[PDB]
Amino acid sequence: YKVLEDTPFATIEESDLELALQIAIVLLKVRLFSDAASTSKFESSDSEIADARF
Amino acid sequence: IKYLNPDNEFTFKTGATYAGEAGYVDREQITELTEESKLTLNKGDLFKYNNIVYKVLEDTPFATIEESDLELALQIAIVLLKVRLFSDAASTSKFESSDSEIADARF
Amino acid sequence: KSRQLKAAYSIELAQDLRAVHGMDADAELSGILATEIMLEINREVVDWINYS
Amino acid sequence: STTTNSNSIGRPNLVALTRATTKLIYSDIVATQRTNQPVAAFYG
Amino acid sequence: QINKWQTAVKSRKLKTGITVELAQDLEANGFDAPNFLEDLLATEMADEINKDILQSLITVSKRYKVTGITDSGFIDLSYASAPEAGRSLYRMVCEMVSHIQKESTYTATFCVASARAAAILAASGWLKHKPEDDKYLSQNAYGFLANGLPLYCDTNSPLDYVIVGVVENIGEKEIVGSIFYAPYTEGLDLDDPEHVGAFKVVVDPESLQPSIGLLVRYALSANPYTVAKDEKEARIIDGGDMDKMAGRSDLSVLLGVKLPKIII
Amino acid sequence: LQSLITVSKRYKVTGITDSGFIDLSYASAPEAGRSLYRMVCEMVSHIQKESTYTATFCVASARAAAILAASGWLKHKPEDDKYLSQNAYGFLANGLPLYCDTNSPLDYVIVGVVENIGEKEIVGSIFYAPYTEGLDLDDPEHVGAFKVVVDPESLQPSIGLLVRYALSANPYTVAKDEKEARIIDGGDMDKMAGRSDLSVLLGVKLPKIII
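Chains as they are written, first to last, in the entry's author numbering: chain A, 108 to 161; chain R, 55 to 161; chain G, 262 to 313; chain Y, 11 to 54; chain H, 162 to 425; chain L, 215 to 425.
Chain A with its partners taken away, still in its complex shape:
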C-alpha cells in the first residue's frame, strides 16, 4: 500500500486493523500500490525480477 495523505488512519476509529485498512482505501488515505515499474528498474544491470513458481 502507499500513503496518499499523511497520518493515514488519523480519522479511522476502527480497531480491526484489516478493516481500518479497507476504510483507508475507501476514503483515499491509502492507495493500493499495485503498479508497474519505471522502465529503468530493469535496466540497472543489477535488479530483482520476480520469480514465478509452481
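Everything hinted at is true.
Straight line, CA to CA, 25 Å or less: simulated BS3-like cross-link-like pairs of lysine-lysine: (1) L:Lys-405 x L:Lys-390; (2) R:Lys-56 x H:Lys-361; (3) L:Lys-291 x H:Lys-291; (4) L:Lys-390 x R:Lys-67; (5) H:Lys-405 x R:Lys-102; (6) L:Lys-263 x L:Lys-334; (7) A:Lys-109 x L:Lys-405; (8) L:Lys-226 x L:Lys-405; (9) R:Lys-148 x H:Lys-176; (10) L:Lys-263 x H:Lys-289.
Now the in silico label distances, taken between C-beta atoms and shown as ranges: (11) H:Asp-391 x R:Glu-82: 31 to 37 Å; (12) G:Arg-264 x H:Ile-397: 44 to 50 Å; (13) H:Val-227 x L:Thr-228: 22 to 28 Å; (14) H:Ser-242 x L:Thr-228: 14 to 20 Å; (15) R:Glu-125 x H:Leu-351: 40 to 46 Å; (16) R:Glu-120 x L:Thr-228: 16 to 22 Å; (17) R:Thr-88 x L:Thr-228: 23 to 29 Å; (18) H:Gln-262 x R:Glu-120: 33 to 39 Å; (19) A:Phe-116 x L:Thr-228: 23 to 29 Å; (20) H:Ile-423 x Y:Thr-13: 43 to 49 Å; (21) L:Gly-348 x H:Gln-300: 39 to 45 Å.
It should be emphasised that the hints constitute simulated quantities derived from the structure, not laboratory data. All C-beta atoms in this analysis are idealised placements derived from N, C-alpha and C, irrespective of residue type, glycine included.
Given chain A, work out where chains R, G, Y, H and L should sit, using these hints.
Chains R, G, Y, H and L alone, transformed into the frame defined by chain A:
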C-alpha cells in the same frame, strides 16, 4: 477535446443556454439571486443562478418558500410556477439591429 | 465626380421574403440602388440643362 | 549500457481522441413537422 | 369549434472564428480544422436546442398535485425499504400517464427524467434495458418501463424530476405532442436540408483571421386545446408566450423528486 | 482492477452512503440487494450526467456481486450469454453486465465505462494500451515477449518475460492539485487517485465470514 460555453465551462455540465434571449453580454445586466435579492423581484424580472437565466412569473417569487438553501428554494420556485426557466430563442430582431451580440462558441 | 449608395439588409429578412413572397431579396434590392443612381444621374443632366 | 535513460521520444502516440458531448434526446420528446413560413399556426 | 395556436419563429445564433495560426495548429495536431469548426458550432447549437426543449417542457407541463402525497409539487423518496423508493415513483409515473389519457385523450408516449430521478425509477425493477428491444428506444432511452414508455434522461436542467407526455404522428397533418419545435428552413439554400439552419463566413477586415457563425430558426410552440388560465376561452391563442402558457398543458405532466444530497 | 478502485470517484450521499460505503444487513431479505441495485443505478446515471458516457460495465467483489444478485434483476440465463462475453457473472435489468473482481481486499461495487465509437474514439476508465511495436513477436496477439538465457555455471535453462504498457487515465480527469492544466500526467496514481468522471466506487460493509 472539449466544447465550451462563453464562460469556458463544459456545455454539457452548465445547463445554461447563451445563443438566445439569455444572451452572453446580457448576463452582465441580469441580477444574481442572493439571500436578499430574491426578495426584490417581481413579475417580468430576470435573474440568474449558476449562470442560468430565470424569469419571474409571480410577484415576489419565494414569498411562500421557507427553504433556506437558495439553490433548493429556486428548484421549488420552478416546481411551483413562481419562476420559469428563461431559456428560449430570441425575437428575430435581436440579431438584426447591427448593435448585436452573438454568444461565442468555444473549445 | 462620383456617386454611390448602400442597402445593408439582414439575413433573416432575405430568408423570410423568399419563403413568403418569393422575391430573391437581394436582386430586388440591388435593383433599387442601381435604379436610383441611374435616375439621379439622368436628373442631374436635365437639371443642368435647365440651370444653364 | 544503453537504456531508456539515454533514448528520447520524438512524439507520443495519441492512441485515442475523446470528445464528451450531450446525448441529445429531443426527437423522442417533441412531435415535429417543418414550417415553411416565418409563422406557424396549429389547428385544434 | 376550431381554434388556432399561432407563433412566430424565433432565432438562435452562435459565433466562433479561429485564428489562422490556431487553425493551422489544429491540422498539425491531427484534427480536420474546417470540419472541426463547423462541427463545433453545429454541436453547440444542437445542444442548446435540446436544452431549450427540455427546459421548455418543464415549464409547460401541468403539475401533478395530489392531496395524499404530492401537494408540494414533488415526491419525497428515501433509502429505507429500498424497493419502495423506486416503486412509489413508478406509481406516479403511471398515474400521470392516466391523467393525460383522461384529460387530453392522448396516450402519453414518453417518460423523461433527471439522471437521479431516472435512476431511482430504474431501481424499482419493472424497468428493463434489454438490448434486444433497442429497436424501439431510438438508441436514446436509458431503458423502458413495464407500462410501455421508454425512459429518457435530461441531465441538463437543475431540477431533479420526472415528466411524462406525448409524441404522436398519425399522418400527413395529424401531429400531436407537448412542444412541436417545428424548424423553419424555407428560403434558406441548404446543402442537405436535414441539417436545419446555415453557416456564414465573413473574415475580419483588420485582423485577417476568419470568422464563422451559425443561424437556426424555429417555433417551439404549444399544442392545441391549451389555453392559459387567464383568457381561458380564446379563438386565437399565442402558442408561445411562456409567461402565460407555462405550467398549463395537458400533453405532459410533471412531478418533481426530492432526494438527499450528493456529497461533494 | 486495483487501478480502477483507486481512480474511480467516491460515491457519497447524505442518505445512505456517507463514509464512502453502504452498510447491508440480512434483515428483510431482498432489501439488501435492492438497496445496492439502487446504488448501481444511481452511480450509472451519475456518470452519464457528469461525463456524457453510458457507464457500460459494472464490476464487484465476489460477495458484493452476490449481495446484488439477491435482489433478483440479475440473471445469467445461458441462452442470453451472448452479451456477457463468457466473463460476466450475469446481466442486470439496467443493461449492464456484472463482472466479478474476486481478488482485491476491498468488498465493493464499481460502475464505469468502456466505449468504442470507431478508429480513434476509444473511451474508458483506464486504457491499458500495451506497447509491442519493435518486438518481433511469435503470435502478435501475445503482448510482451519471452527470453531464454541459460546459466553460465550450472547449465540449467532460465526463462522469463517482459511486458510493457501505458495504463493511462481517461481525458478530462484532472488531479485536485493543478485542477486545470494543458498537460496532465495520465499516470502517476499518487495524484490521479480518487479522480475520474468515468467510474464511480461505492464500498459495501458486510459481516465477516467465519474461518
